[PDB]
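Here is how the chains run, residue by residue.
4 protein chains.
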Amino acid sequence: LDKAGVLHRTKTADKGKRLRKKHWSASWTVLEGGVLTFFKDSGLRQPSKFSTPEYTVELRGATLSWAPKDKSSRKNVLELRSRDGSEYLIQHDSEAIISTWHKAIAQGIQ
Amino acid sequence: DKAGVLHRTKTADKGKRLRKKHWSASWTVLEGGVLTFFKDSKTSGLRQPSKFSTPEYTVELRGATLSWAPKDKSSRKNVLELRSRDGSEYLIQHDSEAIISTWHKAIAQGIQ
Amino acid sequence: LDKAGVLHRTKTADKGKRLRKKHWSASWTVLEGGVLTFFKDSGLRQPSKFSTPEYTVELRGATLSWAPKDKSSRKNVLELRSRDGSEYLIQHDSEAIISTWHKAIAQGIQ
Amino acid sequence: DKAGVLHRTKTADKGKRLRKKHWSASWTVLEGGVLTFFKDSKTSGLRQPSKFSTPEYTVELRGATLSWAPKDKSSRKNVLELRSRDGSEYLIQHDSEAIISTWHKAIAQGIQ
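Protein chains in written order, with PDB author numbering: chain B, 497 to 538, 545 to 612; chain A, 498 to 541, 545 to 612; chain B', 497 to 538, 545 to 612; chain A', 498 to 541, 545 to 612. A prime marks a further copy of an entry chain.
These are computed hints drawn from the structure, not numbers from a lab. C-beta: ideal position from N, C-alpha, C; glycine also. You may find that some hints are simply not true.
Calculated Cβ distances over 10 Å to all of chain B' for the following chain A residues [unchecked claim]:
(1) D498
(2) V502
(3) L515
(4) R516
(5) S553
(6) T565
(7) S567
(8) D572
(9) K577
(10) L591
Reference listing, derived: stretches of chain B' covered by chain A, where coverage requires no fewer than 3 residues with Cβ under 8 Å from a Cβ of chain A [unchecked claim]:
(11) 498-508
(12) 523-530
(13) 592-601
The calculated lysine-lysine pairs, modelled on DSS-like cross-linking and capped at a C-alpha distance of 25 Å, are [what the hints assert, rightly or not]:
(14) A/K577 with A'/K571
(15) A'/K507 with B/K499
(16) A'/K571 with A'/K517
(17) A/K517 with A/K539
(18) B/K499 with A'/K499
(19) A'/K539 with A/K577
Build out the structure end to end from the sequences listed, making use of the hints.
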């Protein structure tokens, strides 16, 4: 199983340590071999501008859930918590797009 | 709340697994923390509405567990597994992954 | 091929004769045997309230297209024109739902 | 405008049909009435972005025709057919019907 595309995301915790504020950005995002990789902060169109990996999240032992209204005002926000205690929010306004990532990441956890 | 046609089968009765799957498509309603699967929508062609007005399966979502099913649980794609607090279990499916993800979101909110 | 569910719709022309105003309503809707049937004007939840057929549209010879911004202010509006000159608008705010109907009706025309 | 990964194959070159399908998944960009399919996204695993920066197929949408493909045109599901004014033809696909419908909407607007 693999997935690739541009998604909106922000880290929210670094191994259990909460970030002070949100840093929403669009980035190239890749799910491959049970690892989700978010590329660096940036619509984002040309592959020559997609930059390089910033964050990697192993899906083994992770949890994925819909974020509560208190966590974000954005539409279709998912919260991904890795086993090491890092946390990320992922979202896209398009149901079509957020759905494909929800499926891939949820199924990938397994 | 939400309503739509979904594929579903019961897979366990109060913790006791069923021998085989019994899939049907039915109207489905999520309202007030309760998920209701109506009688099969098919005549064998579509039934008229009055013919599927009786609930077949009602699942109270308080204490329920929702997940994406393991891929080997069914030959079908886009399967959710729902287990109620009494141990009954259901699979929920649609060929549209977007339909299923949006239902997952709604059911997850109903559980919470 | 068949499809069934609740959709928002309004007739806009009766065999080439424009309606004075829009009459948007949710209704039970069924696609079966190359015919799309909209039930009577009404969310709509209990099958005991779905009423009876109101409009039938044969898909043979029909056209389905995305409605221009001038035709409706709603989200995801499709325009269905039957060969006899009747016209309908169909929409749903959920991409997941409008997409399933778009596919079914477009493929049904063929 | 829109961008995403899609499956596509060319099926005719300037009106002349190709013998077989040549499907790949690639980054795809719709911008200003032009649909660009980049080089294949796969290495054999995913290529890094710099490796698929070159366009493979560019389709100018002025005078193009878009449709849902006949079901027998391909063994795949959710296939669109796009024919450019020079007679070249492409199929576009994704397992998600919602992805494909939203792309149909965008391409249709680009044509108009």
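Verification of the supplied hints:
1. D498: Label violated. Min Cβ-Cβ 7 Å, cutoff 10 Å.
2. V502: Incorrect as stated: the minimum Cβ-Cβ distance to chain B' is 5 Å, not above 10 Å.
3. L515: 26 Å, holds
4. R516: 29 Å, holds
5. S553: 4 Å, violated
6. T565: Label holds. Min Cβ-Cβ 23 Å, cutoff 10 Å.
7. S567: Per Cβ check, A/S567 is outside 10 Å of chain B'; nearest 20 Å; holds.
8. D572: A/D572 is indeed farther than 10 Å from all Cβ atoms of chain B', at 26 Å.
9. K577: Holds, because the least Cβ-Cβ distance between A/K577 and chain B' comes to about 15 Å, which exceeds 10 Å.
10. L591: Given a closest Cβ separation of 19 Å, the condition holds.
11. 498-508: Since 4 is at least three, the answer is holds.
12. 523-530: As far as the region 523-530 of chain B' goes, the hint holds, because 4 residues have Cβ atoms under 8 Å from chain A.
13. 592-601: That given contact holds, which follows from 5 residues of the region 592-601 of chain B' lying within Cβ reach (below 8 Å) of chain A.
14. A/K577 with A'/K571: 20 Å, holds
15. A'/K507 with B/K499: 23 Å, holds
16. A'/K571 with A'/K517: 17 Å, holds
17. A/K517 with A/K539: 20 Å, holds
18. B/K499 with A'/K499: Distance ~17 Å between B/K499 and A'/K499 Cα, so the pair holds.
19. A'/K539 with A/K577: 24 Å, holds
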